[PDB]
Amino acid sequence: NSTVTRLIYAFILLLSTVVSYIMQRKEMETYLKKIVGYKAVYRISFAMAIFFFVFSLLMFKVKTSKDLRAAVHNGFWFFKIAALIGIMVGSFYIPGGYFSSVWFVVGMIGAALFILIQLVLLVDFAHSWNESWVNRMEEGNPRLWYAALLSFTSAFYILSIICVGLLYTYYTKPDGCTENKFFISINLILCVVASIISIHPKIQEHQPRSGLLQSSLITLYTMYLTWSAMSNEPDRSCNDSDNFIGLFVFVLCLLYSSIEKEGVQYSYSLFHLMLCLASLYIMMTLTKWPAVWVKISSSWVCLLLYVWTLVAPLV
Amino acid sequence: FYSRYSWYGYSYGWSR
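For the record, the sequence lines run as chains A and L.
Counting with the deposited numbering, you get residues 34 to 68, 93 to 296, 334 to 353, 397 to 424, 439 to 466 for the letters of the first sequence.
Take any residue in the second sequence, count from 1 to its spot, add 101: that is its number in the deposited numbering.
It is worth saying that the hints were derived from the structure and are not from the lab.
There may be inaccurate statements among the hints.
Simulated restraints on C-beta separations [to be verified]:
#1 105/L - 125/A: 35 to 41 Å
#2 105/L - 115/A: 37 to 43 Å
#3 40/A - 105/L: 36 to 42 Å
#4 36/A - 105/L: 56 to 62 Å
#5 126/A - 105/L: 38 to 44 Å
#6 209/A - 105/L: 43 to 49 Å
#7 105/L - 129/A: 50 to 56 Å
#8 242/A - 105/L: 32 to 38 Å
#9 105/L - 456/A: 24 to 30 Å
#10 105/L - 121/A: 42 to 48 Å
#11 105/L - 250/A: 22 to 28 Å
#12 105/L - 185/A: 52 to 58 Å
#13 105/L - 218/A: 25 to 31 Å
Residues of chain A placed beyond 10 Å of chain L at every Cβ, according to the derived structure [to be verified]:
#14 202
#15 339
#16 402
#17 465
Listed next, the stretches of chain A that the computed footprint assigns to chain L, with coverage defined by at least 3 CB atoms under 8 Å from CB atoms of chain L [unchecked claim]:
#18 124-131
#19 256-262
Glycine included, each C-beta is placed from N, C-alpha and C at the ideal position.
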């Protein structure tokens with residue numbers, strides 16, 4: 034039932050995200066003006106953030122379902138929704154202007170933190186996947202699981218190669234957009250290096266089940282990040335599918351996170410904190440130099456974190 | 102078992 038509750042919370046966030054997306058359209062500018094699109098998106102994102110932060114602080118140090126607060130987490134969906142609407146209306150009551158830039162910087166920091174946390178989660182998920190499938194390779198029919206592992210890793214690497222091809226075709230020119238070339242070349246070379254480090258026998262000796270699969274997954278995620286950094290480039294010479339793909343990967347990570398008297402399966406407080414950071418990140422994404444530099448540094452932090460998770464046992 | 106440094110990790114399934 035706890036997993037069901039986590040999935041339902043993810044569902045409410047997804048519904049709010051879809052609402053934010055739809056108001057982003059030009060047609061809705063007519064309706065909202067009657068009370093721009095980015096302003097309403099900021100308002101709804103602030104509602105998400107404040108609600109989730111409030112619930113997480115409420116859920117502090119809860120350790121058993123015997124807590125009435127555990128029931129509050131489980132039930133009262135209707136009161137949750139009503140309080141959310143009341144908050145969202147309240148957001149409209151805050152004056153515009155300086156609040157816009159304040160929330161923009163708050164959203165930048167939130168998106169950075171969410172990217173970091175989601176990335177740690179992604180590395181953990183990839184490691185668990187690789188270990189489970191190598192174990193099933195050992196115990197059960199070796200051929201089936203070997204074929205599955207090879208197909209998955211090859212698929213991820215081929216998709217990353219296709220993304221590289223598209224980015225070279227679109228965001229680079231023979232004698233132009235040198236920033237695009239720099240970013241793409243650095244990301245590709247560092248991804249190759251990360252793959253190599255994932256095979257070095259000394260590294261595996263300390264992490265026996267660290268293999269190419271998680272490397273390819275990280276490479277695909279890095280390719281997506283770097284692409285996204287380019288699509289927002291203000292310079293049109295160096296400049334929705336990328337954001338849709340990012341939303342898909344975020345949904346996958348949220349589902350992984352989602353998937397009692399003596400102990401709780403997960404800290405509701407920390408889960409809701411992650412949810413709030415997810416709201417901030419989506420708010421940043423759906424929409439400037441900080442976006443570009445944040446995304447590029449996020450890709451580089453991706454590769455650094457993966458390399459660190461692989462190497463730290465060496466130290 | 103003859104565990105070996107295979108690409109998919111450090112295992113012995115291929116050489117049990």
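Indicate whether the distance between the beta carbons of residue 105/L and residue 185/A respects the range 52 to 58 Å.
violated, 22 Å
Mind verifying the non-interface call on residue 339/A? Its CB should be farther than 10 Å from each CB in chain L.
holds, 26 Å
Outcome of range test on Cβ distance (residue 40/A, residue 105/L; 36 to 42 Å)
Check passed, 41 Å falls within 36 to 42 Å.
Check the following: the C-beta atoms of residue 105/L and residue 218/A are separated by a distance inside 25 to 31 Å.
holds, 28 Å
Within 24 to 30 Å: is that where the Cβ-Cβ distance between residue 105/L and residue 456/A falls?
Because 28 Å falls inside the window, the suggested range holds.
Lying within 38 to 44 Å: is that true of the beta-carbon distance residue 126/A to residue 105/L?
violated, 52 Å
Go ahead and decide if the range 50 to 56 Å is satisfied by the Cβ distance of residue 105/L to residue 129/A.
Check passed, 53 Å falls within 50 to 56 Å.
Does the Cβ-Cβ separation between residue 105/L and residue 115/A fall within 37 to 43 Å?
violated, 52 Å
Quick check for students: does the CB of residue 402/A sit more than 10 Å from each CB in chain L?
About 29 Å separates residue 402/A from the closest Cβ of chain L, which puts it past 10 Å; holds.
Beyond 10 Å from chain L, beta-carbon-wise, is residue 202/A?
Residue 202/A not clear of chain L: closest Cβ-Cβ about 8 Å, inside 10 Å.
Holds or violated: the 35 to 41 Å window for the beta-carbon distance between residue 105/L and residue 125/A?
Because 55 Å falls outside the window, the suggested range is violated.
Holds or violated: 32 to 38 Å for the Cβ distance of residue 242/A and residue 105/L?
Since the Cβ atoms of residue 242/A and residue 105/L sit about 34 Å apart, the hinted range of 32 to 38 Å holds.
Violated hints for the displayed structure, listed by number in ascending order: 1, 2, 4, 5, 6, 12, 14, 18.
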